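This is what each chain is made of:
6 protein chains.
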Amino acid sequence: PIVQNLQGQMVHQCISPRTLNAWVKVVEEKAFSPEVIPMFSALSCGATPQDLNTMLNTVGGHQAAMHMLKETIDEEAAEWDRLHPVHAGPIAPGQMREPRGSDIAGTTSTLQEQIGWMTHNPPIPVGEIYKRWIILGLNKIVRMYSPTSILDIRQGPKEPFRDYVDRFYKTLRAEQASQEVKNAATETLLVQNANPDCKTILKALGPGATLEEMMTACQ
Amino acid sequence: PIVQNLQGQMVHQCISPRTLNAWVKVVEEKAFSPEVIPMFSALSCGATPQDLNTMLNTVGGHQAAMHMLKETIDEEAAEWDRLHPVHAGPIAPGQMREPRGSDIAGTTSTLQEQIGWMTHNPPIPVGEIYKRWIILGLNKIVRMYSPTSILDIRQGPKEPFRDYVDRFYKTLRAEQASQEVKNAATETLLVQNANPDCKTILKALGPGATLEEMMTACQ
Amino acid sequence: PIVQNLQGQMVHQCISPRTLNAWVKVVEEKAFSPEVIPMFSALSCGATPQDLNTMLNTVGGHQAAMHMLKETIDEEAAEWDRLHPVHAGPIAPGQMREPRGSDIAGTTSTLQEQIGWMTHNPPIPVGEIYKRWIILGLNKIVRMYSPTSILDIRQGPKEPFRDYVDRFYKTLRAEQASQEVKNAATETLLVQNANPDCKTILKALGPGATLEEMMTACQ
Amino acid sequence: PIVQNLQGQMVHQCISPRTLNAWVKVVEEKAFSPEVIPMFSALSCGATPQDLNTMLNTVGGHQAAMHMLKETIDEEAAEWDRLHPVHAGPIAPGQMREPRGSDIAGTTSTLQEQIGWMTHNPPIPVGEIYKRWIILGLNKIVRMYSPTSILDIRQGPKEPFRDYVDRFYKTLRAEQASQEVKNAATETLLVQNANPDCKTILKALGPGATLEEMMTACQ
Amino acid sequence: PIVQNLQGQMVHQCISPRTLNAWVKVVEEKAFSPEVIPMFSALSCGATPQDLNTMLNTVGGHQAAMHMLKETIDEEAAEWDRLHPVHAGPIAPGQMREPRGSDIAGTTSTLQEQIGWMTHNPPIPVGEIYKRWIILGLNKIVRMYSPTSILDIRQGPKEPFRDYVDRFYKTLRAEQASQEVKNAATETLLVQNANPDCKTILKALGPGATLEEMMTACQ
Amino acid sequence: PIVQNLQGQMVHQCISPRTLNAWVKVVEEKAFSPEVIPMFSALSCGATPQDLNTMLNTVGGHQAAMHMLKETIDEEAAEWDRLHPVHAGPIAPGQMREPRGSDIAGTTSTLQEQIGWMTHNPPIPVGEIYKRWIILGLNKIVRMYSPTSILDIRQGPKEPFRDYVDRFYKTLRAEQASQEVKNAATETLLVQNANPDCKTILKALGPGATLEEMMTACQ
Ligand SMILES: [Cl-]
Ligand SMILES: [Cl-]
Ligand SMILES: [Cl-]
Ligand SMILES: [Cl-]
Ligand SMILES: [Cl-]
Ligand SMILES: [Cl-]
Ligand SMILES: [Cl-]
Ligand SMILES: [Cl-]
Ligand SMILES: [Cl-]
Ligand SMILES: [Cl-]
Ligand SMILES: [Cl-]
Ligand SMILES: [Cl-]
Ligand SMILES: [Cl-]
Ligand SMILES: [Cl-]
Ligand SMILES: [Cl-]
Ligand SMILES: [Cl-]
Ligand SMILES: [Cl-]
Ligand SMILES: [Cl-]
Ligand SMILES: [Cl-]
Ligand SMILES: [Cl-]
Ligand SMILES: [Cl-]
Ligand SMILES: [Cl-]
Ligand SMILES: [Cl-]
Ligand SMILES: [Cl-]
Ligand SMILES: [Cl-]
Ligand SMILES: [Cl-]
Ligand SMILES: [Cl-]
Ligand SMILES: [Cl-]
Ligand SMILES: [Cl-]
Ligand SMILES: [Cl-]
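Chains as they are written, first to last, in the authors' numbering: chain V, 1 to 219; chain P, 1 to 219; chain C, 1 to 219; chain D, 1 to 219; chain A, 1 to 219; chain F, 1 to 219.
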């Protein structure tokens, strides 16, 4: 990654074996669960496009998802080239060439060029731009591999309300619905999909009840 | 986190894989036991709002609690906006804009802005302010998930007084009662809920006896 | 902890996940064995009062001992206030306020104030003062939880003298007797509690024999 | 490796025990799977030719592949000598001698000479040149040890399309075919080798369908 | 330990949790085998007397040996006081007081005083002096706990000569005999204690044969 | 080891617990396999003679080999003294005394003297000179403990050619034959010791075939 050393200058460091192993293990253990994406974003803190390609390519298996990830990366790279056409001309002695879509993806750019963009003033954060493309493609993989729909998450007649809400927002997180549909899930599906005994209690609670108040009422 | 390097300047460092893994493991092993909160506060030492959101979002499962945590965060963010209304106007070339409630929660603020507030002179510690909101919501989760009331912790007729006091303050810690009710628990419930043999000995001890004196007397 | 960086200035560092995990594990594995106290003192090297409270509060269970530890801390804090009454008045622009007993315990003082005392010239080592209070309370827990008295440690008729001396000083260490009673344990109880065959040999050795000479004679 | 320290100067560091152990373990666990090559490239970040020879020589077993790796290294070293014949003459007091093919492979060059080339201005990156030779030979080992041909990867009549695509691109990755043959694998073999039910659905999808659209259609 | 930082000045660092755990584990696993002593010397590199007492006191059990270690430390401390009687008088503003025997053992000296002696110019290496006393006492424990004498290590009639020499020098190492008795062990006891078949071959080899030549001859 | 810090000056660092443990473990797991020697050379990067003696002495067991290692060290030390007789005379205030053979082995030299030679200008690399002696003795141990001769490595009638070549160069590596005998092993013994079916195919391949071509032909 490109990290600021203990002197105030942005320099390159090699990706650590701890970072490499941590990313491989979480994919082996959790696959494409929703919480893997924030783990990927944190383990790739300050990562160059080369570091991002390293983390992706060190993953063995799940190649169906890894190839869906490449298509999303190519789609975003093509959109970047449509919005940022590179202007031909010799690069000034102290400047950097404009990055193409494949340059941000680390496939047509060298590490020195990636360091040059990320450490420029003002900097071109090709690592963070590439990471946005990767996380976008990873989120589509999480939704595709989500097995259960939120409509099928219903509380059992003897299931504790706490365990049911655990399954509810676990499923809703993988579905990655819109903000409007997710915010009202507390007042709509969570009450509708509860068992008759708890739904009766939640009805007498009235609208605008917090999740803490709803879980307390059905305990 | 924002850490002072070995030169006296506050700079940003990426959250370490050791920190990321340590927080995920303690939640997998201890869930929301009371001692998880001081572990979260220590692992998030100097953490930015982005680091705090990272630690929370890397947690898979327990989504009922994680969503109760979001509501507490939104409640505190709304209270911050009520007490600190942002004043409109162009930001001076060397100053920072006033953070909104969602800016402290890391949802509407960039890392550069969070670094700008935390490294300002005087600094706006949005990371520590956000951590106060998170710990507040985490403490409410510990109380809700506390299974046993302190009134039901009674010493068995053959249970050693040491094991009974272990269960007593373990339950009392999760209940997180007031300081007045918790301080007098030594002289009130701890003696009342003891078995007849030890309660007789603790009665002859008289008021004002230390826990060391009470445990010694019933050994 | 407050550590001297690689430039000669005392600055604050966050407590490491390795330090946090090491202290939690040794309590889970060894509880309050005598050797846990030097491990606590080493793991808390240069620790601030906040770091000390962190290590104590991350311990789940053993709450009977942890509450006995709080009473010892409060007793020492009250003794500190009796010997150091804070003088009222505005603090000079470059000075620090006098710490109260609860300030050294980290309950009424901020981290910045603890850094201010520990890095002062001359420094007020509130971390080492607090650690003395904690170790004092921890030593009382080791004695209370010591199951066997030194008077009951006797060598078996067929027990090797080496194993008996292992049990002897293991028990004596947890008892934490006075220096006078512990120094003469070599010449008094260790010989008296040996089996008849080894006691006969140790009698012919004469007074002033080293433990190496006594163990060799009964081999 | 040759790493830039926290002062802006390229200096040598010893290869860490974490790096040494991580490379030995991944070979013990994954042998010559395709994802081992990006792991080798990352673990050898900034590595000198001596570090590269160290990582290769610490591998016990797989000596058939390790000897095939030596022949590829010798072939590339001979090609380097054909394109870069060293010019005889005394080296200037501040310059470096031209590296031979065996000098880049670390067999006829000292560490000081490798540091001299890598830290030169302009630098001769003998470590990255050697790594290109090693990765080239490692890729030939991956293809040779690939057990299954892509033509034999066909979807079962009841096999889910997701698992079939997992096996498809896993096999195709080890085959390491040309870019033209690999890019069209989505529109050609992946549909041809699917079961009759999914092939019918993929036919009605039409050409130019993304892998995300194809996997969704056969779910 | 007192380590030279990355600026050329000798400063104090806290003993690491890795060092603390490594010393406790090797004692739990190997007890007082001969190879534990060089491990103790390496783990205590640059250690202060406080660090040395920390490592010794973190050891639970083996208290018979740990108390024999204290007597050896007191014997050496008394010998130091006999050779270095402290001269009374006020210490100059830039000097250090002469260390007593108990000051080197870390029992009557503070860490600041130990840092003052070790970082003095010229330095008083109280840590290395104390370590010599500890290693001296540890070596006496290794000899006492050595179960087998070198005279009883004889090669079996069917035992391979390699395994017999393994047992020979393993026993001889724990005995820690004199240099004269240990150097000639190759030409004396190693041949005398071999089986009749190998002793016949070693006799025809003649004097002055290396261990490599002796092991080859009896293979 | 003597490592260049982050300021361009060669200073001493204590050998890390990770380095100490890594060397002990690889000897416990792999003994004296050929790949242990490059692991020893890497773990001892920049090691002083004291660090080298530390790594050797921390090895418990295998004392037959460890004593054969001492004789090789003494042989090389005697050869060093024969080629470098120390010249008597007082050492200049800024110079270092000439190292004897036992000084390079770390037995008659202090750490300060070893630092003085290694950090001299020009430096006397006593650590690398000692390491050459150790690796020389370690290689003789690998050959002695090699159980199988290369002449006895023959391909089974149903053994895959890949597994046979694995056993071939594994045995040849431990034998550590000459370069001339090892280079022609591809064209001589590897074909001669193959089964009749593969030997027939390798005969029709003709001379000068690469190992990749030979393994492909017998697959
Ligand atoms: Cl690492
Ligand atoms: Cl995987
Ligand atoms: Cl994310
Ligand atoms: Cl450019
Ligand atoms: Cl609940
Ligand atoms: Cl880490
Ligand atoms: Cl979890
Ligand atoms: Cl807390
Ligand atoms: Cl701003
Ligand atoms: Cl008790
Ligand atoms: Cl850590
Ligand atoms: Cl515990
Ligand atoms: Cl202590
Ligand atoms: Cl103040
Ligand atoms: Cl004994
Ligand atoms: Cl390491
Ligand atoms: Cl292997
Ligand atoms: Cl690669
Ligand atoms: Cl040169
Ligand atoms: Cl799917
Ligand atoms: Cl550590
Ligand atoms: Cl132990
Ligand atoms: Cl030693
Ligand atoms: Cl003094
Ligand atoms: Cl042998
Ligand atoms: Cl370490
Ligand atoms: Cl071993
Ligand atoms: Cl080597
Ligand atoms: Cl000298
Ligand atoms: Cl093959």
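Keep in mind the hints are simulated off the structure, nothing from the lab. Some hints could be false.
Copies of the same chain look alike in the list, so a pair counts if it fits in one copy or across any two.
Claimed, not checked - Once the Cα atoms are required to be at most 27 Å apart in a straight line, the calculated DSS-like pairs of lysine-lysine come out as:
hint: 1; residue 1: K140; residue 2: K158
hint: 2; residue 1: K203; residue 2: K170
hint: 3; residue 1: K140; residue 2: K199
hint: 4; residue 1: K25; residue 2: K158
hint: 5; residue 1: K158; residue 2: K170
hint: 6; residue 1: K70; residue 2: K199
hint: 7; residue 1: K203; residue 2: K30
hint: 8; residue 1: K30; residue 2: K199
hint: 9; residue 1: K140; residue 2: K182
hint: 10; residue 1: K203; residue 2: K25
hint: 11; residue 1: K25; residue 2: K199
hint: 12; residue 1: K170; residue 2: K140
Hint check results:
| no. | hint | result |
| --- | --- | --- |
| 1 | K140 with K158 | between (35 Å within a copy, 25 Å between copies) |
| 2 | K203 with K170 | within (24 Å within a copy, 36 Å between copies) |
| 3 | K140 with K199 | between (33 Å within a copy, 24 Å between copies) |
| 4 | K25 with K158 | neither (37 Å within a copy, 30 Å between copies) |
| 5 | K158 with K170 | within (20 Å within a copy, 29 Å between copies) |
| 6 | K70 with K199 | between (45 Å within a copy, 23 Å between copies) |
| 7 | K203 with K30 | neither (37 Å within a copy, 34 Å between copies) |
| 8 | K30 with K199 | neither (33 Å within a copy, 31 Å between copies) |
| 9 | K140 with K182 | both (17 Å within a copy, 23 Å between copies) |
| 10 | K203 with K25 | neither (45 Å within a copy, 38 Å between copies) |
| 11 | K25 with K199 | neither (41 Å within a copy, 35 Å between copies) |
| 12 | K170 with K140 | both (16 Å within a copy, 20 Å between copies) |
Consistency with the previously given hints fails for numbers 4, 7, 8, 10, 11, ordered from lowest to highest.
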